[PDB]
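Modelling step: build the complete structure from the supplied sequences, incorporating the hints.
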Amino acid sequence: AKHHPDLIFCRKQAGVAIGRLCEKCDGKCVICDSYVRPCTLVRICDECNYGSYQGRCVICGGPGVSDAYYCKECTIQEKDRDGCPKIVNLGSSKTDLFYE
Amino acid sequence: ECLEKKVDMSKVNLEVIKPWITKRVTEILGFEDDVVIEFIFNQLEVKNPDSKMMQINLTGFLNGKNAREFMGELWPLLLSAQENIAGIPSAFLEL
Amino acid sequence: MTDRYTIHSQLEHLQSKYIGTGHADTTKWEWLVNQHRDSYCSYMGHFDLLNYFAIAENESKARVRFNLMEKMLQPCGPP
Amino acid sequence: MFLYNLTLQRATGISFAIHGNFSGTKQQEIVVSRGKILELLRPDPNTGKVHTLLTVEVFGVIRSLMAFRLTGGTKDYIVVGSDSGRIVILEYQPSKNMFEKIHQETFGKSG
Amino acid sequence: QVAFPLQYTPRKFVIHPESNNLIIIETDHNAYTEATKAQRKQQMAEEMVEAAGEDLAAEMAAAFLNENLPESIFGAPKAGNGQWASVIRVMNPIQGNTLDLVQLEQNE
Amino acid sequence: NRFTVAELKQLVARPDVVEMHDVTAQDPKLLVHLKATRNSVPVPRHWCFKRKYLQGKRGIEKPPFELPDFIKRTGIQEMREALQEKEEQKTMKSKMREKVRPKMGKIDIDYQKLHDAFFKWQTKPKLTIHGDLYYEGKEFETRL
Amino acid sequence: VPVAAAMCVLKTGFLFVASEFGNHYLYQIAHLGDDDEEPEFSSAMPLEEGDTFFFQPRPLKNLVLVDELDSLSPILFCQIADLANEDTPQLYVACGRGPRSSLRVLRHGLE
Amino acid sequence: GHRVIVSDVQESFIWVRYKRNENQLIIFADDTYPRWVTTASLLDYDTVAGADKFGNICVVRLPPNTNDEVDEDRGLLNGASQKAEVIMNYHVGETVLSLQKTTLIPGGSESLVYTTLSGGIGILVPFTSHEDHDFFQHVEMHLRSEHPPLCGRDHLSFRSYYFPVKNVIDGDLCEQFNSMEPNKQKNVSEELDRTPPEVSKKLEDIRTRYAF
RNA sequence: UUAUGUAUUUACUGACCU
Ligand SMILES: [Zn+2]
Ligand SMILES: [Zn+2]
Ligand SMILES: [Zn+2]
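Residue numbers (the entry's author numbering), protein chains in the order written: chain A, 2 to 101; chain B, 32 to 126; chain C, 1 to 79; chain D, 1 to 111; chain E, 776 to 830, 834 to 886; chain F, 458 to 601; chain G, 333 to 366, 367B, 368 to 443; chain H, 997 to 1061, 1062A, 1063 to 1068, 1078 to 1217.
I should point out that these hints are in silico values taken from the structure, not numbers from a laboratory.
By construction, the Cβ of each residue, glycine as well, lies at the ideal position given by its N, Cα and C atoms.
Don't take every hint at face value.
FRET-style restraints, in silico, Cβ to Cβ [unchecked claim]:
{"#": "1", "chain 1": "E", "residue 1": "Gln873", "chain 2": "D", "residue 2": "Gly72", "range": "51 to 61 angstroms"}
{"#": "2", "chain 1": "A", "residue 1": "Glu101", "chain 2": "F", "residue 2": "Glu535", "range": "45 to 55 angstroms"}
{"#": "3", "chain 1": "G", "residue 1": "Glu372", "chain 2": "C", "residue 2": "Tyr5", "range": "34 to 44 angstroms"}
With a Cα cut of at most 25 angstroms, we get these calculated DSS-like pairs of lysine-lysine [stated by the list, open to error]:
{"#": "4", "chain 1": "C", "residue 1": "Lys17", "chain 2": "A", "residue 2": "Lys80"}
{"#": "5", "chain 1": "G", "residue 1": "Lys343", "chain 2": "D", "residue 2": "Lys49"}
{"#": "6", "chain 1": "A", "residue 1": "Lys73", "chain 2": "A", "residue 2": "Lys13"}
{"#": "7", "chain 1": "E", "residue 1": "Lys856", "chain 2": "E", "residue 2": "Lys816"}
{"#": "8", "chain 1": "B", "residue 1": "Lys78", "chain 2": "B", "residue 2": "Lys37"}
{"#": "9", "chain 1": "D", "residue 1": "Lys96", "chain 2": "H", "residue 2": "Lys1206"}
{"#": "10", "chain 1": "D", "residue 1": "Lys101", "chain 2": "D", "residue 2": "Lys26"}
{"#": "11", "chain 1": "E", "residue 1": "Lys787", "chain 2": "C", "residue 2": "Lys61"}
{"#": "12", "chain 1": "F", "residue 1": "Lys486", "chain 2": "C", "residue 2": "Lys28"}
{"#": "13", "chain 1": "B", "residue 1": "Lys49", "chain 2": "B", "residue 2": "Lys36"}
{"#": "14", "chain 1": "H", "residue 1": "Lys1191", "chain 2": "D", "residue 2": "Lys101"}
Okay, structure coming up:
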């Protein structure tokens, strides 16, 4: 995300699998991470959609509910035509909070 | 440097070359392994191998001196066998 | 033998795999050769710049594409 | 100050040209690309003339164009690769007289 | 469309506003001006009647000289590199006839 | 290795830009070519300073903000200053009392005046061309 | 034929050539195969000294022109002028590359 | 007359003044963009419409002051001092080689006529009033939504290929209003609060008036 | 008088977070 600067994206080739967002993060854009003007569906790679990882949230990794989208401001900057935006690592937040 | 005159493993035999290499690595680290002798086997499986990657991955196990003299031994045997149509280096042609 | 050139890659900070980006220590020759290669793929990419270049000679379009294509290897000259 | 573009006699030079059973019948058709324009031409065999059946503006540069036949198939689908980061596979619907876009897949930044 | 054929690639033209006439400059890289076409054809004929003609056919050189292929049909010859054919044509814009033709030199 | 500002200033077709650091580059000729290319804008003045680009704005006190005129002709500044000044007299007793019994219609200015001020009475401001980059003083040098 | 960007030979025996500069053409194939008269040579015949297989160019024998499809590409220079004393103006156009080049006059009417 | 427009092959238009008392040629205005201009045409005493090798069309209008009287060491940005400015940029996709201001039909009006390199012939037409401008702007702004182009190439980002588009409405997207199924036409027309024959009338009025 | 290194509060940022 933009808030947690240590989160890294997957960035491999985007397949045909449509991204999903959890119930806690519905309406969030994936890159600019806002709520308004969703314009373009999320296509995620086949390694980040395999088996146990199907229909899972792009950001949280929770169980997905609705489809994921990019903003218009991510679309017209063509930040959707890079790799798949599946946030891979879980780092330094929601880990120490689990230990707290 | 001398490890860059390219090779083609189709030009060479390998089953005659293994016991020399086993004998050399038993000389180098004293005792016998398999996974580094099978490193020699599996690195020299590929038809156009790389000697620099070979030298790195033997520098790991061995000293970095012994990897240097081992590449400077093993690469001219490969060249002396791939010049010959028989596929045998001079140390095993003459002996 | 070799010595100490063990530099396989490192921390994947941004993965600038886009060839032609360039970094701080990028010389004149390197970004000008990326500038020529991007110019050549945009020449043959657009049809109409290739039209404009084919009118200036009398060379046909496949002659111009083969010329532009074989110049993409070493366009500026040797380093 | 505030202007308005119109094409009067749209582009006529041909960069790519492909042929096949795009209608879905026994007879064949040409699909050409005028660069920014994508046109379907029927080579009327008895009278020998050439009649345009459709001309659309794709608003891109058709960098490459190629028709393919699906295995055990009648109709050929047109396949367009352009300055957008998109492969796009087209089917000539003869009834509504338009190119139905079958699929459109994104793979990289545009231009 | 009504077309009035030309020899080379026409760069631009102007309009004589009195007694309306087009004044066109034609210019092509890699192209012979036709004085060099005639000289090159005569040279070709010369080496074809010089290269061991004892045994013979000087018919080949004459038939080569007087059989001029239409360059609009068979493609114009291409004069290596750096050569430049060019003419200047005054033309009626009504009938489309070469009201005047002025060649230039070989690279000019 | 680093040939000085004398010869480097002698070689370049526009010598009027080569500075005291351009000798210390890693490619001087293209640096003073791109420094003398046509419509570029230069590096900001504070790349070599010690003051973090605006920590020299310490002790000068400046006016708050001039609203543009089309907004000031709606009376929003006078209504807003009036209710701020009336609110500066309130205690927490009445600030918590008029939180639950609110008097409304305090401003209620209109909608046609605001629409006219942004749409009928819109004023083009005084912009600038793309070269006019900002340095630290830049408005106290109004002497030009 | 004039130099083409793309060809589409058609079943039912047509040959469409798309000249990149000037007019496009559609030919009827008259003598396909053409295995009768011509000095054809091959790959694996022991011919040395460079190319050594020449051919004399000739006019049409295998194709007959059927349709000339029109094109203005490349419009190199243009004027809107009313030189022919008509009411509406006219487009005086330079066109074509090479010996196939043409000045072309364009009006609004029909043929 | 009394001014010269010099088209550089790489930078842009350079205004030059010629004097009668002297014989000088004083540069007094240029443009900030590099452009690779191929041809140009004058429209006003101030404006210069030009076109480039890559496909665009620019119209550079001088600012209202730009006093010509400059007698002749610093420039402004390594160039002239009165930087001229641009009042449209538009992408055509083909190299425009001839721009001409004319009137194609008697009883019609003036319209800039461009003839590109790939055979095409187009016009650029001014709008009369702001109701026409705003109407056709909302028409093509709806058509970028409802009727996307065939390759997926985004129409605003095709027309803003090199330079961003400015003050030009692509009427070749607009004249594809007459090519959708009437469900889409009714959606757009009631979104416009007109009817699809009314929009097709209003949309062919402009081509009727200025051109063919 | 620009300035450092630190012990060190106070303010401030990211629609950060069950
Ligand atoms: Zn976003
Ligand atoms: Zn992934
Ligand atoms: Zn989530």
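Original post:
Between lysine 1191/H and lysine 101/D, does the CA-CA distance stay at or below 25 angstroms?
Top reply: holds (22 angstroms)
Subject >> Pair hint outcome, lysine 17/C versus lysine 80/A [Cα-Cα no greater than 25 angstroms] >> reply: It holds: about 16 angstroms lies between the C-alpha atoms, which stays within 25 angstroms.
**OP:** For the pair we were handed, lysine 78/B and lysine 37/B, check the Cα-Cα distance against 25 angstroms.
**Re:** Holds, at about 11 angstroms.
Original post:
Holds or violated: 34 to 44 angstroms for the Cβ distance of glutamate 372/G and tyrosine 5/C?
Top reply: violated (58 angstroms)
Original post:
Within 25 angstroms, alpha carbon to alpha carbon, are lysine 343/G and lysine 49/D?
Top reply: Holds, at about 16 angstroms.
Original post:
When you check the alpha-carbon spacing of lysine 787/E and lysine 61/C, does it fall within 25 angstroms?
Top reply: holds (23 angstroms)
**OP:** Take the C-beta atom of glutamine 873/E and the C-beta atom of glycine 72/D, compute their distance, and say whether it sits inside 51 to 61 angstroms.
**Re:** holds (60 angstroms)
Original post:
Is it true that the CA of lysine 486/F sits at most 25 angstroms from the CA of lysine 28/C?
Top reply: OK: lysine 486/F and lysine 28/C at ~10 angstroms, within 25 angstroms.
Original post:
Taking only the CA atoms, is the gap from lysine 73/A to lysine 13/A under or equal to 25 angstroms?
Top reply: holds (22 angstroms)
Original post:
For the pair supplied as a hint, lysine 49/B and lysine 36/B, is the alpha-carbon distance within the 25 angstroms limit?
Top reply: holds (21 angstroms)
Original post:
Between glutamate 101/A and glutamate 535/F, does the C-beta distance stay in 45 to 55 angstroms?
Top reply: About 52 angstroms separates the Cβ atoms of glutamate 101/A and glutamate 535/F, which means 45 to 55 angstroms holds.
**OP:** Given the hint that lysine 856/E pairs with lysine 816/E, test it: the Cα-Cα distance must not exceed 25 angstroms.
**Re:** holds (14 angstroms)
Of the numbered hints listed earlier, the single one contradicted by the structure is hint 3.
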